[PDB]
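Chemist: Take a look at the letters that make up each chain.
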Amino acid sequence: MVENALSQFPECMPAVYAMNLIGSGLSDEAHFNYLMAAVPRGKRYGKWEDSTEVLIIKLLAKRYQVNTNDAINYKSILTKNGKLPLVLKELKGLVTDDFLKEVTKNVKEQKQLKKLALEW
Amino acid sequence: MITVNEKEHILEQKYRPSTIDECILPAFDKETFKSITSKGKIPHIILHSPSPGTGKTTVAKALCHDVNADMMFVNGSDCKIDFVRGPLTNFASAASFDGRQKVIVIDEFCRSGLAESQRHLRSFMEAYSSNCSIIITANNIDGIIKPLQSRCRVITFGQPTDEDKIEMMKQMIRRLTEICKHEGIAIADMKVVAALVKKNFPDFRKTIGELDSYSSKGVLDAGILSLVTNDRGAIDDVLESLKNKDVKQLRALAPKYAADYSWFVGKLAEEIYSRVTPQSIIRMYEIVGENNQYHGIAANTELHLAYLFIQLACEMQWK
Amino acid sequence: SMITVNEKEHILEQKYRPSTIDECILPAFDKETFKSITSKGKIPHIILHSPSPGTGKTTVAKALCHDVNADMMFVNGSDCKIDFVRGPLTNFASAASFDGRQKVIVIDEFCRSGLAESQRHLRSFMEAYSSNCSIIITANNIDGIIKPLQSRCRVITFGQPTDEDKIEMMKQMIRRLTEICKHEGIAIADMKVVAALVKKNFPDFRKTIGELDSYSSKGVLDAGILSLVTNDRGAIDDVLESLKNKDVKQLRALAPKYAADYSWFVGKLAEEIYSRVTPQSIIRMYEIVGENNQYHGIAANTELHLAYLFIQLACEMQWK
Amino acid sequence: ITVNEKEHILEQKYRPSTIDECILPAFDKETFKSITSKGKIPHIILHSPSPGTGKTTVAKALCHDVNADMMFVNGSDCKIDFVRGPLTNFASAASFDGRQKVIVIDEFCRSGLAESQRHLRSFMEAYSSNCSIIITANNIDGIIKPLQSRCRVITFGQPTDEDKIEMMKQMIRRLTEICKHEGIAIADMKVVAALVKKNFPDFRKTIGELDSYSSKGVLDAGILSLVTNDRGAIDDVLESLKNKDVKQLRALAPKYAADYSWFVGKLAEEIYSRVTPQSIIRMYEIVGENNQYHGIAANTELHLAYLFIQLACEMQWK
Amino acid sequence: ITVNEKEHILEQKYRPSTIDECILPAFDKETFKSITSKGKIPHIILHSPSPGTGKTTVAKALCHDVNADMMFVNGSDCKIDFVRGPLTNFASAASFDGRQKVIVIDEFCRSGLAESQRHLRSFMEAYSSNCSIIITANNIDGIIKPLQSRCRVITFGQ
Amino acid sequence: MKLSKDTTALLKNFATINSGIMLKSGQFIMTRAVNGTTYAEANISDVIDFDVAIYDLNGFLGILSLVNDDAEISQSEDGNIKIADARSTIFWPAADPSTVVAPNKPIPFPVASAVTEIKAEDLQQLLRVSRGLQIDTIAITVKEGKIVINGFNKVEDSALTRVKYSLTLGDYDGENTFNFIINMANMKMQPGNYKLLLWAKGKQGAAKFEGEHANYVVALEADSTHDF
Amino acid sequence: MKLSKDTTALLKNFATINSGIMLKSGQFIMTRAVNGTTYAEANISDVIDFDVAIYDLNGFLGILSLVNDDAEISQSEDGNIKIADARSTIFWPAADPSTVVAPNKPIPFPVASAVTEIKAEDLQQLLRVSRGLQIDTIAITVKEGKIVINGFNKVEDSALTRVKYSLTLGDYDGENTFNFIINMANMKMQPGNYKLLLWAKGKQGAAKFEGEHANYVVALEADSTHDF
DNA sequence: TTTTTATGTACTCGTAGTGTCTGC
DNA sequence: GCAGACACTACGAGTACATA
Ligand SMILES: Nc1ncnc2c1ncn2[C@@H]1O[C@H](COP(=O)(O)OP(=O)(O)O)[C@@H](O)[C@H]1O
Ligand SMILES: Nc1ncnc2c1ncn2[C@@H]1O[C@H](COP(=O)(O)OP(=O)(O)O)[C@@H](O)[C@H]1O
Ligand SMILES: Nc1ncnc2c1ncn2[C@@H]1O[C@H](COP(=O)(O)OP(=O)(O)O)[C@@H](O)[C@H]1O
Ligand SMILES: Nc1ncnc2c1ncn2[C@@H]1O[C@H](COP(=O)(O)OP(=O)(O)O)[C@@H](O)[C@H]1O
Ligand SMILES: [Mg+2]
Ligand SMILES: [Mg+2]
Ligand SMILES: [Mg+2]
Ligand SMILES: [Mg+2]
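As you go down the protein sequences, you meet chains X, A, R, V, F, H and U in turn.
Taking the numbering used here, the leading residue of the first sequence gets 3, the next gets one more, and so forth.
Taking the numbering used here, the leading residue of the second sequence gets 27, the next gets one more, and so forth.
Taking the numbering used here, the leading residue of the third sequence gets 1123, the next gets one more, and so forth.
Taking the numbering used here, the leading residue of the fourth sequence gets 411, the next gets one more, and so forth.
Taking the numbering used here, the leading residue of the fifth sequence gets 4, the next gets one more, and so forth.
Taking the numbering used here, the leading residue of the sixth sequence gets 21, the next gets one more, and so forth.
Taking the numbering used here, the leading residue of the seventh sequence gets 21, the next gets one more, and so forth.
Careful, some of the hints might be misleading.
Listed next, the in silico PhoX-like pairs over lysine-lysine satisfying Cα-Cα at most 25 Å (straight line) [as the list claims (entries may be wrong)]:
hint	chain 1	residue 1	chain 2	residue 2
1	R	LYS1288	A	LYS243
2	F	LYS9	H	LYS44
3	V	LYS416	F	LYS41
Estimated spans, in silico, between C-beta atoms of each pair [what the hints assert, rightly or not]:
hint	chain 1	residue 1	chain 2	residue 2	range
4	H	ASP71	V	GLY593	46 to 54 Å
5	U	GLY82	V	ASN477	28 to 36 Å
6	X	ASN75	F	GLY160	20 to 28 Å
7	F	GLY42	R	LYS1322	51 to 59 Å
8	V	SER447	R	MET1313	24 to 32 Å
Treat the hints as calculated values from the structure; they're not laboratory data.
Even for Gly, the Cβ is constructed at its ideal location relative to N, Cα and C.
Given these sequences and hints, build the entire structure.
Modeler: Structure (structure tokens):
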């Protein structure tokens, strides 16, 4: 995490690139201590692909036993051709709550559980 | 003159204080305890200090003994949920025919997964606090949920002011004297006890123990003084040879630590971080972390460790 | 004379495990505080630690309990969970030894991190049973022992002797290994072998003994066996000249001579160049040889990566 | 020389049963034959980064030559509770038959089982009377140092030059026997020689290439061409840098990315004669640098292309 | 021309069932037919860094031409507890009609599967008599070298 | 379709082999293991009407465990399975038949190469001894004329050397020698009497358990040996 | 060599003291807890003919509850423990005796410092009240000239001040004053009339329970105060 | 002024379901 | 002649740890 937070700010990236290389097997206390004298200036700043698509992407991936990349492409071509609406119905039975809650717990996996319900 | 538990043999607890006035605390805290005992009833008190052996469990027991309280001592680790609802409630709701204040000491309460039992204790303090009070002794204060510190009087140990530290160490130098008087230890040099108290200060349990380990001769001559002042080593020879750029000793110390490479590289980073300049802190962790990254890829691990020594000598600007 | 054979053990390094505290090989002050504990008849809480393995910890623990004649409880720390601490250990500490021998618990290999809840419970455990029982802890990572528990014990750092103690410890370990060979019938043809075995495996005495068994396969510690300990695989000779005159025609055809002996050759090369080059060209040697050694393995052509070292050496070191 | 039958997959079908049948460096076998000579097996860690060296086979052969009560365990399944359970359950069982018990923990170099390793610390010293543990690992630094202390660390795949010659000769006679038992005719015998050298320390893939290269059913000179492959000369490569071109050397890398070690092992040798003397030190610095990182390099072909670009710049040539 | 008429995506519907039906270059088509002719399959890592070459189809084609009792699983869903449970219960038991048992691991070069990969070395040896494993790799370096020791590295030639 | 106590208990057994089941019109239910090691079949007394596939058979029986025995299991006009109670009413979503790996191929068992019968309390004692003795593999061979089942500790015992349990099941007549090794894990029959049928020829084989209601066909471990 | 159900009942009691046991040939058996906390010795009705060490006595008897009581036990050529039944046979592995902490010789209990005599039903009521009042440690001392037992709740009592029970036992004819504390967790004896022998010298001490067939040496507590 | 990603392992705790034993 | 209640197990949760 601590490296991936400075991964957004490119000015901190030289030290993050080093700890990526050689920081493996380096002490946690040493990791913070290296990044102490390594990051330039401070004044901590801001922060660091949607649900209803990411259920289909991960549902097609498990059905055809393909990877994210392949699953992502599957949908994009199916949105263009032979009814993605049909294959949505083909996969309404394997939308278990263990499947659902695994992606976005919060409160969406209940508005998503019975979201793909109405697909018949 | 010192309370002894003549069934202890272990020094570090044979002479554990009984009352507040026997304890060695900062004057304000020591006064705040004597006043808490004077007022009759003990409040909810959290005694904490990250540095161990400062007086927590002693003061917790000393408050119960001064007040002459019906004390229920419990190991905070066995203070699970079925315990707070069980023997804790049975005691809190017992009849105090004795009139003495019921007080429950939860020793070493700060723990990882005792969260549900911890919040139960807070809600327990809205029901049975009418009857009993609770003394908590913890090291990490954060291990304690915020509601408890909000209610309890949090007295932080082991964080004394300069003037408070000076008087406390002087009191402790007199304690170890009265220990050596009562145990049979000859104090040939008084600077031993002074250096004993000073070397490992806030931990009063540890400094009494160190006196036991240095009492192996039965006398505290200046040789024992030379022991206590001898700052030990760990890897003091490598740090020394790195500051001196002594290529000969780096060449001969690399076969010394190539056996336990992974420990030594971790111990070396820990030691140089204090001894080296800040602009060198960058090159330090880069040289070491890279050398450890290729550890095992390097065919000769001993020469690879000498490589680390040569690399540091050339690149470290020393303090 | 005093040397203990366990006989029931077949694996050498466990048969010749020291039985009493005098048979242990320890720094004088550390042996002085252990004899002091035995002469006091009572044992405190102690942590026997060392980053190096087999320094004496588990053996000194058992040896200290023997000389005290202690009702001791040997416990594998990894198997000592919080409930085992709440249970048989608390039921042990609260006993009253039927023969009065002071009780001791030996938590062997306790530097584990998963058993932190046991240590948190052990903070007030030792304090509640300081009479009757005491705990000897054997750890390898002291920082695995939580600083409160460290406070309750006498922390004795094994495998880290002062130089005057290191000399007397190797000297004892040599005389020990000499007596071991007598028991085992190993012929000490060259005493410098025993010294090399002790010096190379210090302060892991268990690995020292294990090395003796590994190399006593022939039953004789002859001069060829010393050349195996120091792995003195001869001199280099031909490479040194071919660098001193920068002979690349020979150097590139001489690199295959050590492709299968890289780790030794790299060590021997730096060992000889150290005395055969100018003072500040020594630091340039460890800079390029240490790098060449560090990148071996991920090197594609291990032969070519050795010739890379040769051409880099001949072009940067000036021979004194 | 001992067929396993049962299996169909050659390398597993011909795994040596005895340690004498094992082919491994001279001093290792003598330490192995001495261990079996003693009648009792210590704690051993057989390790080598190079796979298929015999570490597992030696362990199973060590218990065989001694008649040990061997319990074989996939080290990835050797969890702490598995050590607490079946391992103790088996080490504490009585050996009324006089057999010594040996726990063989195959592929026990994993990092997540460190807690299981740290339990074995005192386990091994506790049952050291009749139980012993053979550890087989690839990454030996994944074994905690207190266990390497308790074991006899025997490093495979690290022979002397003399051992390599005899071990290859021992693998030649073994392989031609594999072909006799399997029905594979050997025409050009030098094929079996190149099959052993191409994958030397990995004897598993050595047989794996034998099976793979017996697709014709015979080992003719055409099979030897298939084993030493490309070769020729680095001609077109050498005039690529000689012309300091554009796309020609860029698209030339994949033909030489596969045999990278040999390619660089002949590129620097051919170029040594025709690239000046003051750039003979610059070319070896550049080529050596690009060679020692060939492993951390992910795209071997791009690594070779990166070597070509910097060669085209810093080379004086002629 | 094989069609799985129950399929809705043309990639999965018109997947060649036979190694002949695969549109593959020479030497490869010669190699795979030689492998299926043996009737028994050794551990195969067929790999091609170019997508859509036929890694997955060939892996399934070899299982069909040899009439294998194939269990096809994606590497990402092939974790270590998956190997301990199902994959072991499969390769340990012998199929009722005999016939080769195969375990195809598609895209096993994924990074998180390093430790489950380390389980297979010894797994493949313990059950090599009854079951072989075909691994589909995109990046061959993602396969730990001890697995390449146990497998036949088929690289799709230019 | 109405689901009685004996049939739901069978479905509770078939759930252990496959997380779901596919069942078509009739009284014949069948499921196979995902890996293909344990095949179970059962003709039952309750008749089902339509064809349905249940992906979560475990959760399907749990939801059914609140409705009275009058449980009306019907198809929804759209397709799902509604459960009508004396008062309440539940809706369960049905799954596609290709989601549940179905046996689909109920080819009959061949000729029994060897025949014996194991009692209900004999299977009981085998499963209860293994629970206490940690027995993971059993082998069925012949000893002194009578055939026996031997249990081992495959993990604690590599090549099945030391027996930990042996149960005799009657005598063998023909002059054959064999040793069929079955994995205890992939052995998921429910308690009762089973006429043990054993078939094996060449390098293929299987073990069939003929219960008074259902049949269980498990696979034999590759290490098994026979001279058939 | 069959084991009667009262002998095994005594064995399942000994398993509470030590998870294993080392029993030699003869009619005499014994065990001691690993933490030197309790020691039990007993001669029994069956006869052991061979030395054997059992690493898991609890699981041994739990498995021995699965064969008929007529089961003939023996030392098999398979050098372990053979449990011959009517049809089945259990080969329980004999354990290396070095892994079983057992008393190498029976503890000869010294001359008793004080003698009383608990009754079986008095002991029974003592266990029932302890499970009801959370009584964890008890003390046997003198009260108005009589030997009594007093239980506490060391959790809530800590100092052991508030008495929670008083089983007035015998009368004391001596002049000594003792306060022997026993931990209830170390009351591993089976119910039955016992002659209670007490001994304590200096900082040592132990209590012995002489039974009609089984004797028990349970350890006293660190805080036991006496004037012997 | 921000707040999360994968796999595998080991341990503790709480509660809840299941198992073995007992009453005036 | 079974219930009760302790006794035991399993599992969800939360935790801490080591890797890439
Ligand atoms: N303030 C103090 N004054 C005197 N002795 C102390 C003090 N603090 C600790 N000690 C010594 O340490 C032991 C008690 O440690 P304690 O403070 O109770 O543990 P912790 O501080 O870790 O809760 C006693 O035996 C006592 O001799
Ligand atoms: N200080 C020592 N003195 C004598 N022998 C030792 C010493 N340390 C280790 N050994 C040798 O190693 C073995 C002891 O190892 P041990 O101390 O138990 O390991 P660890 O210290 O890692 O727990 C003994 O058999 C002994 O031969
Ligand atoms: N030293 C050797 N001698 C003979 N055959 C070997 C040797 N090493 C490997 N093999 C071949 O490879 C297989 C053994 O590989 P193995 O030792 O199990 O790999 P690893 O050492 O990675 O465990 C055997 O089937 C054998 O045919
Ligand atoms: N060599 C080939 N011959 C015939 N079809 C192919 C071939 N390669 C790919 N395909 C087509 O591409 C689809 C997916 O191929 P796949 O095996 O997934 O390749 P990869 O796994 O390399 O992406 C299949 O449905 C098939 O129809
Ligand atoms: Mg305290
Ligand atoms: Mg140890
Ligand atoms: Mg192997
Ligand atoms: Mg694919």
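Chemist: So, against the hints stated earlier in the document, which numbers end up violated here?
Modeler: Violated hints: none; all satisfied.
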